[PDB]
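Visitor: Read off the chains here:
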Amino acid sequence: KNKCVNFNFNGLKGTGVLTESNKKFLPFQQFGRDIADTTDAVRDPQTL
Amino acid sequence: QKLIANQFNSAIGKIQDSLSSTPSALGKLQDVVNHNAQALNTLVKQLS
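Residue numbers (this note's numbering), protein chains in the order written: chain A, 47 to 94; chain B, 144 to 191.
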């Protein structure tokens, strides 16, 4: 966390900084999105 | 002279109220702000 790295969550390749998020997610919701339809919030597949 | 100085001061005192009460008195300047933001939202939103 807090470092520019390459992340790969189930095939969502990308580059960015991963920080802890307090965004409430409904148990059905897996990933968030912003206005430009780009992923800005992810759920770790192993550690919830 | 005394009357003319009074008329000027009353005229000044109404300007403070006129702009405050009327909402669309500064519509020309608010148009500059709105057009700039609307263009950038359209540019961002057009990424989907």
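Just so you know, the hints here were simulated from the structure itself, not pulled from any lab data.
Warning: the hint list may mix true and false statements.
What the hints assert, rightly or not - Straight-line Cα separation of at most 27 angstroms, DSSO-like style, residue types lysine-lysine; simulated pairs: (1) B:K188 <-> A:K70; (2) A:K70 <-> A:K59; (3) B:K171 <-> A:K59; (4) A:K49 <-> A:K70; (5) A:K69 <-> B:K188; (6) B:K157 <-> B:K171; (7) A:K49 <-> A:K59; (8) A:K70 <-> A:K47; (9) A:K47 <-> A:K59.
Visitor: All hints, please: hold or fail.
Guide: A quick look at each hint next to the structure:
{"no.": "1", "hint": "B:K188 <-> A:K70", "verdict": "holds, 24 angstroms"}
{"no.": "2", "hint": "A:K70 <-> A:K59", "verdict": "holds, 23 angstroms"}
{"no.": "3", "hint": "B:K171 <-> A:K59", "verdict": "violated, 46 angstroms"}
{"no.": "4", "hint": "A:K49 <-> A:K70", "verdict": "holds, 24 angstroms"}
{"no.": "5", "hint": "A:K69 <-> B:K188", "verdict": "holds, 22 angstroms"}
{"no.": "6", "hint": "B:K157 <-> B:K171", "verdict": "holds, 21 angstroms"}
{"no.": "7", "hint": "A:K49 <-> A:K59", "verdict": "holds, 16 angstroms"}
{"no.": "8", "hint": "A:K70 <-> A:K47", "verdict": "holds, 20 angstroms"}
{"no.": "9", "hint": "A:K47 <-> A:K59", "verdict": "holds, 17 angstroms"}
The structure fails hint 3 only (numbered hints given earlier).
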